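Quick heads-up: it's one chain on its own, the form deposited without ligand AMP, in structure tokens.
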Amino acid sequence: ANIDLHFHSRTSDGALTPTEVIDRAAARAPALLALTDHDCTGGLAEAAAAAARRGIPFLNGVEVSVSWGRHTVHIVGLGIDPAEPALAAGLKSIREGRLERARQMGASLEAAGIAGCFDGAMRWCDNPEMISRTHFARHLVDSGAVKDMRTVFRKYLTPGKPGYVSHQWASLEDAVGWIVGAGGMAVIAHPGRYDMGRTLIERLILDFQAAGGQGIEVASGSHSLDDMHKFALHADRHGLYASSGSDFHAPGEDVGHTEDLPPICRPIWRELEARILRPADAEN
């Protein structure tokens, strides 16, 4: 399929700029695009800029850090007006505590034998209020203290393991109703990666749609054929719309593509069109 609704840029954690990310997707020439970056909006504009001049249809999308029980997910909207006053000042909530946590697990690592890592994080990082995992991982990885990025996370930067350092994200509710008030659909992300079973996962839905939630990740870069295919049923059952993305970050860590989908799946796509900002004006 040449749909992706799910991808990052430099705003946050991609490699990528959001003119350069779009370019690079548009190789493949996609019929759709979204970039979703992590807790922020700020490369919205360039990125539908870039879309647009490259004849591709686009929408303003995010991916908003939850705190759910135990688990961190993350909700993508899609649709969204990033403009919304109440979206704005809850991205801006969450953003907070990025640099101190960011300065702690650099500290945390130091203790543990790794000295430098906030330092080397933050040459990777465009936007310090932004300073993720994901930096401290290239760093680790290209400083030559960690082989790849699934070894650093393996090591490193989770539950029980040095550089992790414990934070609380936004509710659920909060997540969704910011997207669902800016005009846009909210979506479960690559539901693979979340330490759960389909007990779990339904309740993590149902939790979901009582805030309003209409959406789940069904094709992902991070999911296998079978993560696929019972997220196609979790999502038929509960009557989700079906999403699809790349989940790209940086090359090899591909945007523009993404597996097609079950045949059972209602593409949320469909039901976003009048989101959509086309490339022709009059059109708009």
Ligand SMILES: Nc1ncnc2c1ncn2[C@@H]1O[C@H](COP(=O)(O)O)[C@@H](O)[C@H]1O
The other form holds:
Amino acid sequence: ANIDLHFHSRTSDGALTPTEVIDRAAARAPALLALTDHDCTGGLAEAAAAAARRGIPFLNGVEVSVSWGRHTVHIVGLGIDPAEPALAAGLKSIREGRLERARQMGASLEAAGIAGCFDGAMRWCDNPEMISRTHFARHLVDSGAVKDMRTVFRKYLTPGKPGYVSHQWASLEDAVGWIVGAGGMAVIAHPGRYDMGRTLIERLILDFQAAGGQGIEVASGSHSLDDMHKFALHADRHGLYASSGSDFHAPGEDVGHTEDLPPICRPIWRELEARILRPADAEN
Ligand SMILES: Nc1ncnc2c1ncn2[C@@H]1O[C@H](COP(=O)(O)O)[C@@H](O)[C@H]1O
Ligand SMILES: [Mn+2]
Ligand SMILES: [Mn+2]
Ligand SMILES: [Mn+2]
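Switch from the form deposited without ligand AMP, shown above, to the form deposited with ligand AMP bound and output its structure.
And the full complex, kicking off with our chain again.
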């Protein structure tokens, strides 16, 4: 499929600027794109301009960090108005503790025998307030402390390992409501990554829907084919719309393309058509 509704830019943890990531996606002749940076909309105006210039329909997007019980989950919004005040304030409240947490992650790694990780991570991060475990991982790989990204999260930056600092993100109710109140659809991102069996997934979906959630990622760069099959069925039982995204961050860690949705799925983009920013001004 030539649709991609999930990816990142230097606004949060992606390696490419909003212009660069859109331009890269554009090589695949995509029919629709949505930039979804973590807990931030700062790249949307640039991404929109870059998409329109290449003749590509575009949706405003975001990826919101949520703590649900002991789990961190990510809720994507699509078709949001980033200027809506409640959403803007909510996202800001989620970013607030990020820098503090990062200094602590660095100090944790230092206690475990790797000094200089906060500073190193910062070298990879254009916007200090968006500082992320992703930047720490790039540092650990680039500086040769760890051989690759996969090995980083095996030894570090996860619960019980040096560099991980527990943190409370948005509530599920807040994340979904901010998205919906901004005119968008809320989407459970990359559900196959969560440590949950079919019972917890069902519980998450029910809570998600109660809060106003309508969508779930079925095609995802983070999903196996078995994942796609399994989450297509979860979506169908609850009447959720299916989203697709690459979750692209960097080259060699692709944007503008996703796996075709299973036939059972109701594609979320069909429901977002009124929120699509069209390349032709007159069509908006
Ligand atoms: N196992 C993993 N492999 C690669 N990247 C990861 C992994 N786990 C987390 N990340 C990245 O780290 C980000 C989370 O950082 P933060 O929001 O500061 O906790 C995610 O959005 C991913 O980009
Ligand atoms: Mn990320
Ligand atoms: Mn995510
Ligand atoms: Mn993501």
